[PDB]
Amino acid sequence: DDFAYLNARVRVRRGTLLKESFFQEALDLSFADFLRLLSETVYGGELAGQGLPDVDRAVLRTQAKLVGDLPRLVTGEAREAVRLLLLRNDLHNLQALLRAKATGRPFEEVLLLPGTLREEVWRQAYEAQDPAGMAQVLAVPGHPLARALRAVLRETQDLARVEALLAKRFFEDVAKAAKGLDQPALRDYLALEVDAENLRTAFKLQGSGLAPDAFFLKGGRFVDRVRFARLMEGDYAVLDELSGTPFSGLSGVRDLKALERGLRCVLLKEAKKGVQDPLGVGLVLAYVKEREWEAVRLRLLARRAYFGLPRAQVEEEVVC
Amino acid sequence: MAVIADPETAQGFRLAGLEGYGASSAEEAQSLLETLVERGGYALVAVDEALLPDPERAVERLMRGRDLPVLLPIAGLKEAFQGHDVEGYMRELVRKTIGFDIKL
Amino acid sequence: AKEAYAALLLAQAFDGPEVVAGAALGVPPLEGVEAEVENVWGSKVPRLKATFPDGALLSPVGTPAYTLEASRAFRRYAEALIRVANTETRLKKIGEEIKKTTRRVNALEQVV
Numbered sequence: 003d004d005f006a007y008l009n010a011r012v013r014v015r016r017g018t019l020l021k022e023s024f025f026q027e028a029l030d031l032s033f034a035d036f037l038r039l040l041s042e043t044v045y046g047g048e049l050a051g052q053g054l055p056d057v058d059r060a061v062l063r064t065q066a067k068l069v070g071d072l073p074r075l076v077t078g079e080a081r082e083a084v085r086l087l088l089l090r091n092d093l094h095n096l097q098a099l100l101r102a103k104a105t106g107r108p109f110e111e112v113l114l115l116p117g118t119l120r121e122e123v124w125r126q127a128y129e130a131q132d133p134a135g136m137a138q139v140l141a142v143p144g145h146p147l148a149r150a151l152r153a154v155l156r157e158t159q160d161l162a163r164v165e166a167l168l169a170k171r172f173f174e175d176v177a178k179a180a181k182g183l184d185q186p187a188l189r190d191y192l193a194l195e196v197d198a199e200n201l202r203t204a205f206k207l208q209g210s211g212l213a214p215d216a217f218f219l220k221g222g223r224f225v226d227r228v229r230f231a232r233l234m235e236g237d238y239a240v241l242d243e244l245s246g247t248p249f250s251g252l253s254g255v256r257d258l259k260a261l262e263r264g265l266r267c268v269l270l271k272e273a274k275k276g277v278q279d280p281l282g283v284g285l286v287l288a289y290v291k292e293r294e295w296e297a298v299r300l301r302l303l304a305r306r307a308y309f310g311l312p313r314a315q316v317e318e319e320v321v322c
Numbered sequence: 001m002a003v004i005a006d007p008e009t010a011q012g013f014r015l016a017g018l019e020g021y022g023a024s025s026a027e028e029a030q031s032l033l034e035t036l037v038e039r040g041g042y043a044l045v046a047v048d049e050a051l052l053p054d055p056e057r058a059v060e061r062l063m064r065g066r067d068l069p070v071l072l073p074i075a076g077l078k079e080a081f082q083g084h085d086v087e088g089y090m091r092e093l094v095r096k097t098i099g100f101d102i103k104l
Numbered sequence: 057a058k059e060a061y062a063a064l065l066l067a068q069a070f071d072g073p074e075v076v077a078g079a080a081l082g083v084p085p086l087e088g089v090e091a092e093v094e095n096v097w098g099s100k101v102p103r104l105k106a107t108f109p110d111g112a113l114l115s116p117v118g119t120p121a122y123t124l125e126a127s128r129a130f131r132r133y134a135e136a137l138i139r140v141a142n143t144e145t146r147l148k149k150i151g152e153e154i155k156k157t158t159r160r161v162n163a164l165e166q167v168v
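Protein chains in written order, with full-length UniProt numbering: chain A, 3 to 322; chain B, 1 to 104; chain C, 57 to 168.
For the record, the hints were derived by calculation from the structure and aren't laboratory data. Every residue gets a Cβ at the ideal spot worked out from N, C-alpha and C, and that includes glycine. Among the clues, some could well be false.
Unchecked claim - In silico DSS-like cross-links for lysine-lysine, where the CA-CA straight-line distance does not exceed 30 Å:
1. C:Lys105 with A:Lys206
2. C:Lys149 with B:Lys103
3. C:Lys155 with B:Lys78
4. C:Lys105 with B:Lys96
5. C:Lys148 with B:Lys103
6. B:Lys96 with C:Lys155
7. A:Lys178 with A:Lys220
8. B:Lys78 with C:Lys58
9. B:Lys96 with A:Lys259
10. C:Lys156 with A:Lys259
11. C:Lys156 with B:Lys78
Claimed, not checked - Heads up, incomplete: computed chain B residues facing chain A, CB under 10 Å, no partners named:
12. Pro7
13. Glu8
14. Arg66
15. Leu77
16. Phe81
Throw the hints in and build the complete structure from the sequences for me.
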């Protein structure tokens, strides 16, 4: 309910993160110094042994203990405004369970990283004669999936076109739920994120030539239908046309890797602006997206430290 | 198809729609190669280099006919910085294959 | 190998290993890879090729944005494996045919 109560805890946790000199000095070592440097910080509270599954289980467990708490601890408008940040995990778990039900491989097949829902709902939500019953037992009240899966459930029971329209319905529903209340720093963020999402969808669907307007959504502002079509077909002056927007140094980029690098950098830049609002929802946004940037950069530095990769392979991926 | 290369590498193989395993332990991987010859995974097997230098051992012990598991001495991602002597591997191919130790 | 390994490491470094494992466990095994006759020197050796359907990719708008690139990378990796496979089985057959002919020449001379 109260934004300041959650914001105090989030500012305490933002007081404890990893600096730049950490990975700048962890850019050249041999994975034992990595275990050494992670023995001290707050990610070492769950580090059991040594090796790659230990480090991955430690990062996932500390992120679930340190990030998955803030969807709780408030009740009402505050949780309705803070739950729409860390909700990609629930979509990934739900589509994994959807393809597992549509495949036939057993229910203990997937690993099911934690999102925002307790896993007893997942254990109960595999056996249902009607997939509407699965969406009903999945339904916590104001949830976006609880009103999106039953929205695009109105064709069949279990298909893959259902999953594609589930993804599109999820994106437009999260954007509409951002528009449906008053947070002046989260509506613009989710609009810019879903603009990034369908832009990189158009980049990773180049060359095919299939109907783009069935894939293009609404909720972004920097792109429209004609830029989406002329970006799916191969001329990239339209990608050079985007100036004035925060897509600033991103011009003339063709391959998927440099594209997604630039999009992740501009998302973390525009999401670090959230200290502009030290009372509302901007600060917990600037905590959570900085935390996931730090987590995935820690993971990539772990991979380099273990496998002895050159630092020239990683130097471009700590640029922001 | 099937590999026994590494416990980390086989995830991208399953991501390609292709069976893959991992042991990273030589005698245990030879046992896995025995049971994988016995449950023949579509007649093509790639075995890691610094796990078994020669993949031929299990097939030359058991199945001396028809060469059904096509055995490939595949590499790993630890030595993807240098490749570990592609042309030296070809020299040992020539010497193992015709008996004659020649170079060019 | 170097390019697909770089793509896989950056893929499950930025994206989660759990979700790319789930995407791996969602893809079918793509059955139907097989081997047919090459009747060289009156001796059948099996040449191998796969099926690999390309149009029916599971969610080409994939909510992981790196499993498609890793999928194309390991597809090219498996193509490189099958090409090296049906090259080297032919090479090993020709080599054992050379040593068989050589021991027959030397045996026929030194015996009869």
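Going down the list of hints, with the structure as the test:
At roughly 27 Å between alpha-carbon atoms, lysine 105 (chain C) and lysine 206 (chain A) fall within 30 Å of each other, so this suggested pair holds. Pair hint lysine 149 (chain C) plus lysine 103 (chain B) holds up; C-alpha atoms about 21 Å apart against a cutoff of 30 Å. About 36 Å separates the Cα atoms of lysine 155 (chain C) and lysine 78 (chain B), which puts this hinted pair outside 30 Å; it is violated. Annotation: proposed proximity of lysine 105 (chain C) to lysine 96 (chain B) holds, straight-line Cα distance about 27 Å (limit 30 Å).
For the given pair, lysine 148 (chain C) sits about 18 Å from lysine 103 (chain B) by alpha-carbon distance, which is consistent with the 30 Å threshold. Taking the CA atoms of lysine 96 (chain B) and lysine 155 (chain C), the gap is near 11 Å; set against the 30 Å cutoff, the hint holds. Distance restraint check for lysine 178 (chain A) and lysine 220 (chain A): the Cα-Cα separation of roughly 10 Å lies within the 30 Å cut-off, and the hinted pair is therefore satisfied. Between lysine 78 (chain B) and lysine 58 (chain C) the CA atoms are separated by roughly 10 Å; this keeps the pair inside 30 Å, and the hint holds.
The straight-line distance between the Cα atoms of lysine 96 (chain B) and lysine 259 (chain A) is roughly 42 Å, outside the 30 Å bound, and the hint therefore fails. At roughly 52 Å between alpha-carbon atoms, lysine 156 (chain C) and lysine 259 (chain A) are farther apart than 30 Å, so this suggested pair is violated. Of the pairs offered as hints, the one joining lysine 156 (chain C) and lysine 78 (chain B) is violated, with about 38 Å between alpha carbons and a cut-off of 30 Å exceeded. Interface restraint check: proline 7 (chain B) against chain A, minimum CB-CB distance 9 Å, threshold 10 Å, status holds.
Interface restraint check for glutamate 8 (chain B): the shortest CB-CB distance to chain A comes to about 7 Å, inside 10 Å, so the restraint holds. Interface hint status for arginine 66 (chain B): violated, as the beta-carbon distance to the closest one in chain A is roughly 33 Å, over 10 Å. Hint status for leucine 77 (chain B) relative to chain A: holds, with the closest Cβ pair at about 6 Å, below 10 Å. The beta carbon of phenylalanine 81 (chain B) is positioned within 10 Å of a beta carbon in chain A (closest approach about 7 Å), and the interface hint is therefore held.
Hints 3, 9, 10, 11, 14, counting from the list given before, are not met by this structure.
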